[PDB]
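Asker: One letter stands for each residue in the lines below.
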Amino acid sequence: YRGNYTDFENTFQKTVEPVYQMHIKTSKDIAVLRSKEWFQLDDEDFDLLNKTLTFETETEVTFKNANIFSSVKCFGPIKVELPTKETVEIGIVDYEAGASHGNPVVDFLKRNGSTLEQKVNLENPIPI
Amino acid sequence: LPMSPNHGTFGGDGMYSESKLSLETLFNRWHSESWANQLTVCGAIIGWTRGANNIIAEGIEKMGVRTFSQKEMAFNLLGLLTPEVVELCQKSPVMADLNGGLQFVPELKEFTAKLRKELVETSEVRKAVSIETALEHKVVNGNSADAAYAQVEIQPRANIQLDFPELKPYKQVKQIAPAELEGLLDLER
Amino acid sequence: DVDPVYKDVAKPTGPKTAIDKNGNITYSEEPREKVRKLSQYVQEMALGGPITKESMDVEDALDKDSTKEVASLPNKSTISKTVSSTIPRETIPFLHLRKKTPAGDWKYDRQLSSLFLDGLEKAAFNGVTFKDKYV
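Protein chains in written order, with this note's numbering: chain A, 22 to 149; chain B, 5 to 193; chain C, 228 to 362.
Hints in this document: simulated from the structure, not taken from any laboratory.
There are no misleading hints in this set.
List time: in silico DSBU-like cross-link candidates among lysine-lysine, alpha-carbon distance up to 30 Å: (1) B/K121 to B/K24; (2) C/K261 to B/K113; (3) B/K95 to C/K349; (4) A/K140 to A/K106; (5) B/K95 to C/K327; (6) C/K264 to B/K66; (7) B/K95 to C/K234; (8) C/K264 to C/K358; (9) C/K280 to C/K238; (10) B/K113 to C/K248; (11) B/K121 to A/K46; (12) B/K131 to A/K46; (13) C/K264 to C/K280; (14) A/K100 to B/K131; (15) C/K358 to B/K95; (16) B/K66 to C/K238; (17) C/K234 to C/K261; (18) A/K46 to A/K131; (19) C/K295 to C/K234; (20) B/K95 to C/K308; (21) C/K349 to C/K238; (22) C/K291 to B/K75.
Working from the sequences, and respecting the hints, build out all of it.
Answerer: Here it is as structure tokens:
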């Protein structure tokens with residue numbers, strides 16, 4: 022729909038964020054994850070060390086403008102890959118705020134965590 | 005003689021360890037050679053002095069040992085020139101230990117290295133967590149919350165004054181001169 | 228006509244390392260809570276510590292009234308009983324002289340060390356002099 026859309030009330034973003042992982046090889050970096058209030062744990066003593074957590078992140082966001090968000094909704098369970106390759110929901114993401122400019126959760130997992138699928142490219146693309 | 009308790013304990017200090025240890029054969033040389041009547045030896049084992057290592061000084065002291073300021077240590081060594089010890093060293097070579105009971109902490113290298121690691125680690129963690137919470141905050145609440153949080157500085161420009169004499173209120177200058185001076189001096193002369 | 232005396236009055240300091248929120252390690256020489264002159268310093272040295280265990284109080288006006296303290300400089304304090312008395316049994320002080328044994332090693336001797344600390348205390352109170360001493 023082309024034109025100008027003063028549609029700040031009728032707007033909403035409801036995207037299913039990529040399942041990032043994060044490997045906890047070291048103790049200075051589990052301390053970084055624990056500093057983040059959004060990482061709610063079911064067993065708050067659960068030794069995360071030497072594990073691969075995954076994040077079923079899905080982010081809703083209201084907009085008040087074409088850039089600044091009106092409210093940020095980050096929720097979704099947090100699993101741990103077990104050695105037997107049967108995960109379990111050990112935590113919840115729950116990030117709530119007002120005047121947001123970007124999801125910090127997704128921003129966090131963008132740099133500190135990693136995308137499951139990373140497409141590799143050729144040195145030279147094949148002209149089919 | 006400034007002999008240390010550090011005899012290949014800490015290491016990584018070239019021949020410092022063999023230089024201070026060898027200074028300690030002067031005790032047997034003072035009996036076995038002629039020069040006893042000319043020189044007397046008052047070998048001082050110099051303990052942990054502050055003024056690198058100064059950070060962990062607190063840490064090591066928590067073991068019930070004493071480290072010294074330069075002043076303290078200098079007071080201790082001047083102690084070794086009081087007429088009482090001078091007579092004493094003349095009678096036979098004095099061996100003073102100003103180590104502050106540091107000789108009793110076992111594995112001093114390993115215990116020092118443990119203390120540096122624990123203080124450095126915590127210093128770098130809090131540095132990293134503090135900067136990573138600062139860039140997260142700036143992402144969430146934009147650069148506009150941090151440009152209005154930034155303050156404009158003012159840099160001083162030279163204002164070269166001619167420095168005329170400071171003129172007091174008449175009441176104050178009338179006190180310093182005697183009151184009888186008024187209209188006494190010809191001001192042409 | 229009295230000899231010039233090395234007497235220090237400087238406030239003894241200890242080490243205080245603090246890590247702020249932003250992980251900056253700051254070092255500082257901080258007034259020792261207990262030790263607040265040289266006499267006290269020598270008494271702390273005399274007592275030693277728990278790990279050094281093998282097997283007197285004076286009123287002043289330092290950091291409150293300079294003038295009275297100046298007044299009590301040329302008045303040389305007589306000691307009731309020396310700090311060498313207050314060295315605990317089977318306790319090696321922090322400052323101590325050694326003696327060579329007949330066996331051919333250096334062990335802690337109580338008598339010499341007792342004499343050394345007495346010296347120290349006397350310097351702390353009255354002050355040592357070095358008149359006509361070439362160094």
